[PDB]
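Asker: Listed below are the residues making up each chain.
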Amino acid sequence: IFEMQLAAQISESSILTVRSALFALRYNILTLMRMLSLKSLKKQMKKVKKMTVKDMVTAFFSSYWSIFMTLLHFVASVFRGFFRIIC
Amino acid sequence: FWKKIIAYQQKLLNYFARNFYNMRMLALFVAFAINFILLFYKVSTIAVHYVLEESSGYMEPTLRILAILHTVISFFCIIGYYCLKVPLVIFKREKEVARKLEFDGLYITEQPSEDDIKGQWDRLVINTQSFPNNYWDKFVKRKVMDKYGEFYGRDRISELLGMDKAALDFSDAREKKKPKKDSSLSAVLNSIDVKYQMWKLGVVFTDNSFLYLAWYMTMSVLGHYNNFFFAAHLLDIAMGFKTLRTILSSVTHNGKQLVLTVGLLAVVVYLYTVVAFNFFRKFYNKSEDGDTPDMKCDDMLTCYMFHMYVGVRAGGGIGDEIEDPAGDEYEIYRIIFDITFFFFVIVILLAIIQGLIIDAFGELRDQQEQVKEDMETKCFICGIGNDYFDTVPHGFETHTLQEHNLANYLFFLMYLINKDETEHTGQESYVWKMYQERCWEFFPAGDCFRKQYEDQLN
Amino acid sequence: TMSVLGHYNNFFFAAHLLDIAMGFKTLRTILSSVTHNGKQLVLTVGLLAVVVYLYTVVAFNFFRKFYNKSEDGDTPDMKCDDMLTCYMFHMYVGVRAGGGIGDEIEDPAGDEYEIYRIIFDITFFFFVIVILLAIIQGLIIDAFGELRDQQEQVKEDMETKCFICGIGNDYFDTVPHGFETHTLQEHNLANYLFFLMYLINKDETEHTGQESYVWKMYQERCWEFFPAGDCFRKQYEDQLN
Ligand SMILES: Nc1ncnc2c1ncn2[C@@H]1O[C@H](COP(=O)(O)OP(=O)(O)OP(=O)(O)O)[C@@H](O)[C@H]1O
Ligand SMILES: Nc1ncnc2c1ncn2[C@@H]1O[C@H](COP(=O)(O)OP(=O)(O)OP(=O)(O)O)[C@@H](O)[C@H]1O
Ligand SMILES: [Zn+2]
Ligand SMILES: [Zn+2]
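Protein chains in written order, with the numbering used here: chain U, 12 to 98; chain W, 2 to 459; chain G, 102 to 342.
I should point out that these hints are in silico values taken from the structure, not numbers from a laboratory. Cβ atoms here follow ideal geometry from the backbone N, Cα and C, with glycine treated the same way. Warning: the hint list may mix true and false statements.
Just a sample of chain W residues kept apart from chain U, beta carbon distances all over 12 angstroms, derived [what the hints assert, rightly or not]:
{"hint": "1", "residue": "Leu27"}
{"hint": "2", "residue": "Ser114"}
{"hint": "3", "residue": "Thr293"}
Here are the simulated DSBU-like pairs of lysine-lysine, each with C-alpha atoms no more than 35 angstroms apart in a straight line [said to hold, decoys possible]:
{"hint": "4", "chain 1": "U", "residue 1": "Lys65", "chain 2": "W", "residue 2": "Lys101"}
{"hint": "5", "chain 1": "W", "residue 1": "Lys101", "chain 2": "W", "residue 2": "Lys379"}
{"hint": "6", "chain 1": "W", "residue 1": "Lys181", "chain 2": "W", "residue 2": "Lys5"}
{"hint": "7", "chain 1": "U", "residue 1": "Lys58", "chain 2": "W", "residue 2": "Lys181"}
{"hint": "8", "chain 1": "U", "residue 1": "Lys61", "chain 2": "W", "residue 2": "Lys179"}
{"hint": "9", "chain 1": "U", "residue 1": "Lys53", "chain 2": "W", "residue 2": "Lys4"}
{"hint": "10", "chain 1": "U", "residue 1": "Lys58", "chain 2": "W", "residue 2": "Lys43"}
{"hint": "11", "chain 1": "G", "residue 1": "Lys262", "chain 2": "G", "residue 2": "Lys126"}
{"hint": "12", "chain 1": "W", "residue 1": "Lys43", "chain 2": "U", "residue 2": "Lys50"}
{"hint": "13", "chain 1": "W", "residue 1": "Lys12", "chain 2": "U", "residue 2": "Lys50"}
{"hint": "14", "chain 1": "U", "residue 1": "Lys61", "chain 2": "W", "residue 2": "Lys4"}
{"hint": "15", "chain 1": "W", "residue 1": "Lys243", "chain 2": "G", "residue 2": "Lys256"}
{"hint": "16", "chain 1": "W", "residue 1": "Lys86", "chain 2": "W", "residue 2": "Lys177"}
{"hint": "17", "chain 1": "W", "residue 1": "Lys5", "chain 2": "U", "residue 2": "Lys60"}
{"hint": "18", "chain 1": "W", "residue 1": "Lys43", "chain 2": "G", "residue 2": "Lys140"}
{"hint": "19", "chain 1": "W", "residue 1": "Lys12", "chain 2": "W", "residue 2": "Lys181"}
{"hint": "20", "chain 1": "W", "residue 1": "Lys182", "chain 2": "U", "residue 2": "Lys54"}
{"hint": "21", "chain 1": "U", "residue 1": "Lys58", "chain 2": "W", "residue 2": "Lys5"}
{"hint": "22", "chain 1": "U", "residue 1": "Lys61", "chain 2": "W", "residue 2": "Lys86"}
{"hint": "23", "chain 1": "W", "residue 1": "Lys373", "chain 2": "G", "residue 2": "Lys303"}
{"hint": "24", "chain 1": "W", "residue 1": "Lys257", "chain 2": "W", "residue 2": "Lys182"}
{"hint": "25", "chain 1": "W", "residue 1": "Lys93", "chain 2": "W", "residue 2": "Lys420"}
{"hint": "26", "chain 1": "W", "residue 1": "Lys5", "chain 2": "U", "residue 2": "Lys65"}
{"hint": "27", "chain 1": "U", "residue 1": "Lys53", "chain 2": "W", "residue 2": "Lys43"}
{"hint": "28", "chain 1": "W", "residue 1": "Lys12", "chain 2": "U", "residue 2": "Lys60"}
{"hint": "29", "chain 1": "W", "residue 1": "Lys12", "chain 2": "W", "residue 2": "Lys196"}
{"hint": "30", "chain 1": "W", "residue 1": "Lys166", "chain 2": "U", "residue 2": "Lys58"}
{"hint": "31", "chain 1": "W", "residue 1": "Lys373", "chain 2": "U", "residue 2": "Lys58"}
{"hint": "32", "chain 1": "W", "residue 1": "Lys166", "chain 2": "U", "residue 2": "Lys57"}
{"hint": "33", "chain 1": "G", "residue 1": "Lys335", "chain 2": "W", "residue 2": "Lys373"}
{"hint": "34", "chain 1": "W", "residue 1": "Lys379", "chain 2": "G", "residue 2": "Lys262"}
{"hint": "35", "chain 1": "W", "residue 1": "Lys12", "chain 2": "U", "residue 2": "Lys53"}
{"hint": "36", "chain 1": "W", "residue 1": "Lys4", "chain 2": "W", "residue 2": "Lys148"}
{"hint": "37", "chain 1": "U", "residue 1": "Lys50", "chain 2": "W", "residue 2": "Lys119"}
Next up, chain U with everything else stripped away, as it sits in the complex:
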């Protein structure tokens, strides 16, 4: 009680890092989807119009490879921004 009263008497009257990470995420994911959200997909799929399980599996693997490369670019961008804000 004494120290509380004394304290009352005497009392008289990260963000950059998270923003850089968010920007890196947005930029890298936008770059990833800029090649999957356009109408050229028709002219690329004209060749794969045939059934060709081999080509379907190839494209299925390529999608995940593209995702992995996008994550690698995102991590590189995060490191670049973190060093830049260090300096």
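With chain U held as given, fit chains W and G with the ligands onto it using these hints.
Answerer: Chains W and G with the ligands alone, transformed into the frame defined by chain U:
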């Protein structure tokens, strides 16, 4: 045709999701085989060359095949876990953000702390038309409307949640709907929710286990440029074997205390270095030939490095490695210096490290014993002691396996979730309403069927 | 077989000194201190081998020149010019060294990689010499403590609960020496063993009604005749007291 390519893709996804763990084991085995082969890897000497030295001569192609297999298995171990554990992560995060919207007004009344990556990133998924894609509660937006619109405004909360105002009323007045074919061009492109996929990819990239798998794949790729990068995959035993994790928890349980002990050791050795540099400089000659002295404590940095690097590793401390003090005027002072260094650094601080590890062992064992005792002496749901039920023979076992089974409660929650709301009975409707309100008063607490009907039953 | 071989070579009789472990009860507590966590000990040794292999890879890729173990410069004796030799050198010398591999490889002062090799030696000493060996010591100490705790738990359970019915000692202790009387006269497990022997050795045609009932449930392996949460005192509590 598209309905068949989707089926084939789903078959591949299911195969990888089923075989995620087996193939993680396969990757570990292939890494072990690669490193065992690398154990026979010599240097030839000009620029030195690294070459396999083997009488058999065929483990170079074997190593190449194993490296290719390891890279393929790592890629597949990404595709799996993407088909398997990513949905669970997405479900958990969707549930968390939906319940923080409903029960906390996170983006209505509170707003994120501006330093939380999760809170700041989750703002994207609110406006998406497919927000609760994995979470079962598809009415979270309507519930948020009901809870917060009357005070914070129908229109503004609808803008926040990305909902439509007049389209629903116009459709109710007149349906005005035309058929759509997904086999047409741009149909899938229009159907896919770009913003939701953005948020999902951000969550996946922020996920720790996915980052670890990506690092595993990157190291496997680098292993082709240099075969010794495959040694980095031997660190996967910690994350692969449960049994090693007890031994490693013996170290990581008091990791903060271990780091602080190392820092305290550094500070103490720095104090000893200051004393030696100010009083005992002449004893730090480490050259056998008197022609050229090699003074190790003529500089603060060199003297501190000498101490930290030599005295700590020495069995008897710094006195094992500095000049004998006999016959000197400072003989007693340097004897005290050496004895105190040996006692405080070599004997006590290392004992602190050993005691931290031993105490971690004991604490983990005690925690497991406490879990066992609590589970064997109290019911997990109601919390009544085992003796009351044991008044009837096998009473506690019967009560915990037939009456208050947590597995049965989980099954009931699953049954309610999968059952149509319009088909609920009275008790089911009551429990469902309190579950949606997140009120846990229907769980018995200190009471049970036997306690309430004790007179009639017995 | 070892005794027979001892006649061909008298030193095969030394193999019979291992019989002390299986002959003396007292040595078995000390040996259980080791065998209680034997799987964890083996896994710790394997983890040490893996860590030393990683250190060997690093040294072979960056610190080869420091592994000359020949005093004469005429003929070098390079111990880490091969993966297998470098790994054997590490596992055999650095682990047994008090200060780690740095006690036995060349001094790094004046080299471009001085800081890197200092970090190498310090981390080797901390992780291998200090921590993993501490893990072994802690495993042994924890085995001691766990065995002692198990014995204490056995003692406490036997002193606080009846072995047959499981009723706590306080209820019987309401009567002086009640728990002792109940556990030595009423619910004696030795008495139950004697009763089982008596039933087995007694002719089935001479069984009484209670004996026939217990014998039938014993042959059916139904253990409902053992009191569980009930006793003579509990059932006749009103009349007896
Ligand atoms: N509400 C409860 N539901 C279930 N078990 C309970 C509950 N309350 C206490 N228990 C006790 O918890 C223990 C559950 O045993 P446990 O889960 O270890 O066995 P299991 O189902 O055979 O499988 P596992 O050993 O693999 O977990 C039992 O001793 C049981 O009496
Ligand atoms: N059903 C039971 N039958 C016998 N003892 C019981 C029973 N329930 C509890 N106990 C307790 O177990 C203990 C048995 O003692 P203990 O067997 O150690 O002694 P002992 O017969 O003299 O021989 P020893 O010490 O060599 O085993 C006593 O403390 C007794 O109260
Ligand atoms: Zn219960
Ligand atoms: Zn009893």
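Asker: Each hint: holds or not?
Answerer: To see whether the hints hold, each was checked on the structure:
no. : hint                  : verdict
1   : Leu27                 : 18 angstroms, holds
2   : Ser114                : 10 angstroms, violated
3   : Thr293                : 42 angstroms, holds
4   : U:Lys65 <-> W:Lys101  : 45 angstroms, violated
5   : W:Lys101 <-> W:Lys379 : 33 angstroms, holds
6   : W:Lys181 <-> W:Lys5   : 18 angstroms, holds
7   : U:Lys58 <-> W:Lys181  : 25 angstroms, holds
8   : U:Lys61 <-> W:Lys179  : 30 angstroms, holds
9   : U:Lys53 <-> W:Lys4    : 17 angstroms, holds
10  : U:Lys58 <-> W:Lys43   : 49 angstroms, violated
11  : G:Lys262 <-> G:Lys126 : 28 angstroms, holds
12  : W:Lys43 <-> U:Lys50   : 54 angstroms, violated
13  : W:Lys12 <-> U:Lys50   : 27 angstroms, holds
14  : U:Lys61 <-> W:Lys4    : 15 angstroms, holds
15  : W:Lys243 <-> G:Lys256 : 33 angstroms, holds
16  : W:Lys86 <-> W:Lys177  : 41 angstroms, violated
17  : W:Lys5 <-> U:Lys60    : 13 angstroms, holds
18  : W:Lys43 <-> G:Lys140  : 34 angstroms, holds
19  : W:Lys12 <-> W:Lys181  : 26 angstroms, holds
20  : W:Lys182 <-> U:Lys54  : 20 angstroms, holds
21  : U:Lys58 <-> W:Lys5    : 18 angstroms, holds
22  : U:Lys61 <-> W:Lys86   : 33 angstroms, holds
23  : W:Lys373 <-> G:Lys303 : 43 angstroms, violated
24  : W:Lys257 <-> W:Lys182 : 60 angstroms, violated
25  : W:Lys93 <-> W:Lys420  : 22 angstroms, holds
26  : W:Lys5 <-> U:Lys65    : 15 angstroms, holds
27  : U:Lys53 <-> W:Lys43   : 53 angstroms, violated
28  : W:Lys12 <-> U:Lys60   : 20 angstroms, holds
29  : W:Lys12 <-> W:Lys196  : 27 angstroms, holds
30  : W:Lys166 <-> U:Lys58  : 43 angstroms, violated
31  : W:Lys373 <-> U:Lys58  : 63 angstroms, violated
32  : W:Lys166 <-> U:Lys57  : 40 angstroms, violated
33  : G:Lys335 <-> W:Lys373 : 30 angstroms, holds
34  : W:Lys379 <-> G:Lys262 : 18 angstroms, holds
35  : W:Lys12 <-> U:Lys53   : 24 angstroms, holds
36  : W:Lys4 <-> W:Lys148   : 41 angstroms, violated
37  : U:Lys50 <-> W:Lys119  : 33 angstroms, holds
Violation of the numbered hints given earlier is confined to hints 2, 4, 10, 12, 16, 23, 24, 27, 30, 31, 32 and 36; the remaining hints are satisfied by the structure.
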